[PDB]
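Build out the structure end to end from the sequences listed, making use of the hints.
Each chain, written out:
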Amino acid sequence: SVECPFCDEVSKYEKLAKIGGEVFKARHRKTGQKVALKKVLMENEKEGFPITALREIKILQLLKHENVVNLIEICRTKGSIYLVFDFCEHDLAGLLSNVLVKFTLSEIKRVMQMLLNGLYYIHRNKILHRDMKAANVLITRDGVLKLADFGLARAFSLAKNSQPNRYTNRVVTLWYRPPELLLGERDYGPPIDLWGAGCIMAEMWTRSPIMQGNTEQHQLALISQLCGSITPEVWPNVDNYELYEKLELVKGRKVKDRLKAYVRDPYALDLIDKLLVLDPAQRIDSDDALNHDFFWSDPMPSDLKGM
Amino acid sequence: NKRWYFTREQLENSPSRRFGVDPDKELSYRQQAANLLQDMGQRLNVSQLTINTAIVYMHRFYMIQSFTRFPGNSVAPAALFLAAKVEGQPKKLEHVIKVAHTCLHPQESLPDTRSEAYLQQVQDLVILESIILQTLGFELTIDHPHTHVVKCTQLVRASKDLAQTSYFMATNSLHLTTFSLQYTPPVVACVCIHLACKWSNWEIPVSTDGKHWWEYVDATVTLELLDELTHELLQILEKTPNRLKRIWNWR
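Line by line, the protein sequences are chains U and W.
Counted the way my numbering counts, the first sequence spans residues 562 to 868.
Counted the way my numbering counts, the second sequence spans residues 153 to 403.
Simulated from the structure, these hints should not be mistaken for lab results.
Heads up, some of the hints might be wrong.
[Unchecked claim] Here are the simulated EDC-like pairs of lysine to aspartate or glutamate, each with C-alpha atoms no more than 16 Å apart in a straight line: (1) W:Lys244 with U:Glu606; (2) W:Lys391 with W:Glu239; (3) U:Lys619 with W:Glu239; (4) U:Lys866 with U:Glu575.
If you want it as structure tokens, here you go:
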């Protein structure tokens, strides 16, 4: 037996149920405190401990914020490893799909405010989440929103000294994946996360992912039927991409028009329009979005506890 | 935040001491692990930062475990494999194992990469990496004095020379001492700049106020401490053959 002061055995927790990629809900055996246990998958891993897990851990250990999921500790098994997180009862997908659930404008304001605040926080810390979707947005029993699942997140940098960034391009789920990525961009930044937020905002009313593509080409056509067509006029330098016309695009902004039915409030629609902006550099950022008159109107943001 | 910092008394009663290893012997075991890490690290073509990270992993690992139980020659390669993954310069498992083998046994020749023996040492490495991760409680993000050196040198408008010598002091401070287990990286960085100034016969002008330069780097630092730690570091440097030669002005 070897000494192990700083990695407790997961036996301190009692496994209750697969809520998830193996995710278990569990209960601390002494305090009753609820947690989520995420086991580290070693399917093959012919290179010791998975570098991606090292990465995710480094990032979770960095990010400590009210609207970001909280890694409590790492547990061993005596061999496997489990990431232990503060437990969250609900997740946005489960709520947006359950018809027995209804948001007022005020609580929706509240949701979007916590979400944009989480993004602002992770970006201020030089992290890209890269997996924006409703199912990665958690909500605790007391109505606090938390961003989860950083297994696809990545640190970024101030890419100067004339050497553009070479980040991975096949990142973020298709329905939430921003235009930049679909054209093969590798020098992208925080705006990719902001784009998905757009899709989710609309999802608060459509109760369903606004843009569901078969393939990437289907995603781009579908995206175009809402946001207009790509053009060096709308998006200066768009030309620069090797897949511009080489991808059989359609020359052809019904964005505010197609959603008027679901989302009633003008400011909300304006904000969604400023999130779902084609040119990433012209796309609203988390700071200005939090500032949008949408959060500063009569139906002010309200807690969710109630519901 | 004070989990991996120790008092001199904590350093005296290390796990290795408790198994009959002299202070001096244990210190020697540490210097040898750092030497092996540097050799392997150079051959694998990782950065000094990665070697350094692996060295801190090692230093901390031996505040929890005993050398009588875990030999430097086993822990070093795993620590380096891990540090290379963590610092974004991943080296293949077989690769680190091959280089480890040539460093430890220059005259032997690699086993059949098909043998039960080789398969077992690959599995031993993976196992040791898991043990290291668990001893460190998966706390893998390490801060080095070098970061603070860069910043501070500029903050005294030092010659390129002086800056080069300061980084050299920092790296040797990792190989030769347990400063990383006792003092924060910014403090160590002050120690290194201080020794570098004395060694280069450089003098940092008293600030316009009457505030010393180091006061802009870490508030807890005092001249008494600086002189004590530079004397300690300098003493071990004098015991290391050819080491000072590298920074000795030969003109």
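Going down the list of hints, with the structure as the test:
{"no.": "1", "hint": "W:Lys244 with U:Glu606", "in the structure": "holds (12 Å)"}
{"no.": "2", "hint": "W:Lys391 with W:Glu239", "in the structure": "violated (31 Å)"}
{"no.": "3", "hint": "U:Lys619 with W:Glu239", "in the structure": "holds (11 Å)"}
{"no.": "4", "hint": "U:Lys866 with U:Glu575", "in the structure": "violated (28 Å)"}
Hint violations for this structure: numbers 2 and 4, all remaining hints satisfied.
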